[PDB]
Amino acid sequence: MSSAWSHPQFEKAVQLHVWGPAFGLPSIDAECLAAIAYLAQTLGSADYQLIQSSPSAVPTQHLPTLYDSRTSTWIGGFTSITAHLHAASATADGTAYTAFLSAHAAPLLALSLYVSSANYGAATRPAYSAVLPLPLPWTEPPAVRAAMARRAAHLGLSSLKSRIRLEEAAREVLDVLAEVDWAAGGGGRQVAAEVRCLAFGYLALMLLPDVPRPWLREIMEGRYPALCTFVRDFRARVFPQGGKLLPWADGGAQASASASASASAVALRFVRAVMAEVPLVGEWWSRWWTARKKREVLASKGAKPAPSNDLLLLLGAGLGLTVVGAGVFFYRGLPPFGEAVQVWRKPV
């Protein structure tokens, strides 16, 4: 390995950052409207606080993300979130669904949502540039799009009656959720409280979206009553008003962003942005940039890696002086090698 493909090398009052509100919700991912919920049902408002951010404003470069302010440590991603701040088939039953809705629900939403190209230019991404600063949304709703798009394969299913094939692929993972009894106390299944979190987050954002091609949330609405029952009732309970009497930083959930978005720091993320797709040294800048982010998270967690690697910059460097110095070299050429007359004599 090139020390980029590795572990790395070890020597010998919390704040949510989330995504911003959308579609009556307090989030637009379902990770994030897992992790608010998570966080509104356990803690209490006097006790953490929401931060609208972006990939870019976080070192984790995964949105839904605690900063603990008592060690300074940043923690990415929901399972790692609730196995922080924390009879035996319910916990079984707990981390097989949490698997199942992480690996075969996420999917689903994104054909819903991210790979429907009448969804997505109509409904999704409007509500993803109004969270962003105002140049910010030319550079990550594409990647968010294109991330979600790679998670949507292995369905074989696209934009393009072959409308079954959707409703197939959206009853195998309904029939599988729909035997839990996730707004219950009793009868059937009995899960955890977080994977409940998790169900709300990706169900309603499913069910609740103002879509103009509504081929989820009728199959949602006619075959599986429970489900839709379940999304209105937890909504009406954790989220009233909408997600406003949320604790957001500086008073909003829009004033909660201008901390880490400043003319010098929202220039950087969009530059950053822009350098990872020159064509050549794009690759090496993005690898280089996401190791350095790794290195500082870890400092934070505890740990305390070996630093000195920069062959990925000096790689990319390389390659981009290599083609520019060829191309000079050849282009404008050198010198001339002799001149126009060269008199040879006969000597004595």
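Rigid core: the largest C-alpha set superposing within 1.5 Å between the two forms. Residue numbers count along the first chain shown, from 1. What changes on going to the form deposited in another entry:
Core-superposed comparison between the two forms: the CA of residue 69 stays below a 2 Å shift. With the core held fixed between the two forms, residue 309 has its Cα displaced by at least 2 Å. With the core held fixed, residue 321 shows a CA shift of 2 Å or greater between the two forms.
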Second form
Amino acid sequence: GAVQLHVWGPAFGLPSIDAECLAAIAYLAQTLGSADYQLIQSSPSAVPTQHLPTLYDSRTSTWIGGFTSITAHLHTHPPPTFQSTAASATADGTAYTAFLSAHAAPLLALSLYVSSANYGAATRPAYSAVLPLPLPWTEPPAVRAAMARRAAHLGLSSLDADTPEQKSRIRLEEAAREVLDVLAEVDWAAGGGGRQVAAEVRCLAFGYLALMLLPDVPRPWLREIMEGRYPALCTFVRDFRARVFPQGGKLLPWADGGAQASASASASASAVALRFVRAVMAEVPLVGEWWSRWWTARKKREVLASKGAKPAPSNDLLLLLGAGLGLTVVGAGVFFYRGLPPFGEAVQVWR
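The form deposited in another entry is what I want next, because the block you gave corresponds to the form deposited in one PDB entry; please supply it.
All you get below is the one chain by itself.
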């Protein structure tokens, strides 16, 4: 276990429920050895990077967040057992990597998160099945809200995601066609013909595409469009899953010999309570906005310190002293205003 990848729990018959986390798992399986890495089921509040997937390089005790950063870090610091128009292929991979993170992600949000009918039947139960008991009431609301903001520019809403229906389906088909048309040219199957992309881009493409096809949903508009109009992309996803992730990725080196047992390492009674209360604190009006910002900056320094940098110390001591002064003046005012004799008397006499 040279490195440990913190990802979401398995769902929909896939090793992870997140497109980026699933891509990171696929990249490690093909390149890294079986015993070199470990998969740990986690949540954004469990890792100091506040982002999933997150890699913890135990060799240097470094926290790396994001799929692009994880792949870049591995190339610069290859593990002992690592096996990853030449410039055109590299340039194409960069272009499609940015395209997937910018246009494929909002499309996936509409099918799973923005659609209230779809979210409440498949996505929401899946998230609760991979979290300790008090968390599904705080984390999925945050994930859905962030994912809904990603698909905000798409222009569609929950009502559209399913005569009102005579053009509602047209917008859904048009939005899916724009994203899927670009991806169909790449020919991710690595067969004869078509463009050629790096291994990292192929893993990222599968992560987004698998979450639009495999999940069984009450409103499978995306699955019908993908199968009906793009058989080549549907074939690629099934073939990739059947090889990289047989029987739903049960041979992956999950920590503690299981997907759910892996999360128990950082899901103790105290740790879970601390994660839950922090989420509640951020919702307190006019103070959460300030607690989360303080907490985000505190965790940012922790990640930067792990990377080898030397962040400047903060002024937390000054705020602590300043907070104490605020209590003293408030307490003095209460002690003075309350408990003092009345300013005037009931009977006032002048000679």
